[PDB]
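Residues per chain, in single letters:
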Amino acid sequence: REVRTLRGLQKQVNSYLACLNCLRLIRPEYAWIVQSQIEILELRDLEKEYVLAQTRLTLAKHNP
Amino acid sequence: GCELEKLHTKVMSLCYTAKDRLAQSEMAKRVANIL
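If you're matching them up, the sequences are chains E and G in order. FYI, the numbering for the first sequence is 1105 to 1139, 1168 to 1196, going by the entry's author numbering. FYI, the numbering for the second sequence is 822 to 836, 845 to 864, going by the entry's author numbering.
Be aware that one or more of the hints could be misleading.
[Stated by the list, open to error] So these bits of chain G aren't anywhere near chain E, every CB distance computed over 10 Å:
1. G822
2. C823
3. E826
4. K827
5. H829
6. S834
7. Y845
8. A847
9. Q853
10. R859
11. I863
[What the hints assert, rightly or not] Restraint-style ranges between C-beta atoms, simulated for each label pair:
12. E/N1125 to G/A852: 33 to 39 Å
13. E/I1170 to G/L828: 21 to 27 Å
14. E/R1128 to G/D849: 21 to 27 Å
I should point out that these hints are in silico values taken from the structure, not numbers from a laboratory. Just so it is clear, CB atoms sit at the ideal spot from N, CA and C, and this is done for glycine as well.
Assemble the whole structure, with the sequences as input and the hints as a guide.
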């Protein structure tokens, strides 16, 4: 995300699919991020980022 | 050190939501250290 945008959106969708599949694999156990509680709640926020990307693409498709 | 303290707390409990809270506190302390 930090280096550059745009064509990275479809890659971020694939990454959301990967994170969602990994969460389904590890259903009861928690895991913490450092550099903490970036479990299921922030994964729902990444889902919001995906919906924002979908809406932007649909608006972009209605322009031409 | 912190892990050992957690183990000691677990031993005290023996003789867990509270444990989870303690872990969260430890995480907060780590964040403070990072800051």
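Does 21 to 27 Å hold as the CB distance between E/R1128 and G/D849, or does it fail?
-> holds (23 Å)
Could you let me know if the closest chain E CB is still more than 10 Å away from the CB of G/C823?
-> holds (13 Å)
Confirm or reject the statement that G/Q853 sits farther than 10 Å, beta carbon to beta carbon, from all of chain E.
-> Given a closest Cβ separation of 8 Å, the condition is violated.
For G/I863, is the shortest beta carbon distance to chain E beyond 10 Å?
-> It is violated; G/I863 is separated from chain E by about 7 Å at its closest Cβ, not greater than 10 Å.
Has the hinted range 33 to 39 Å been met by the Cβ atoms of E/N1125 and G/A852?
-> violated (26 Å)
For G/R859, is the shortest beta carbon distance to chain E beyond 10 Å?
-> violated (7 Å)
Any Cβ of chain E at or closer than 10 Å to G/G822, or is the non-interface label fine?
-> Consistent with the label, G/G822 stays out of reach of chain E, its closest Cβ about 17 Å off (over 10 Å).
Examine each Cβ of chain E, and state whether all of them lie more than 10 Å from the Cβ of G/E826.
-> holds (18 Å)
With 10 Å as the threshold, tell me whether G/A847 passes as away from chain E on beta-carbon distances.
-> Holds: least Cβ distance 16 Å, greater than 10 Å.
Falls inside 21 to 27 Å, the C-beta gap from E/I1170 to G/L828?
-> holds (25 Å)
Are all beta-carbon distances from G/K827 to chain E longer than 10 Å?
-> holds (14 Å)
Confirm or reject the statement that G/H829 sits farther than 10 Å, beta carbon to beta carbon, from all of chain E.
-> Check passes; 21 Å lies beyond 10 Å.
When the structure is compared with the earlier hints, violations turn up for hints 9, 10, 11 and 12 and for no others.
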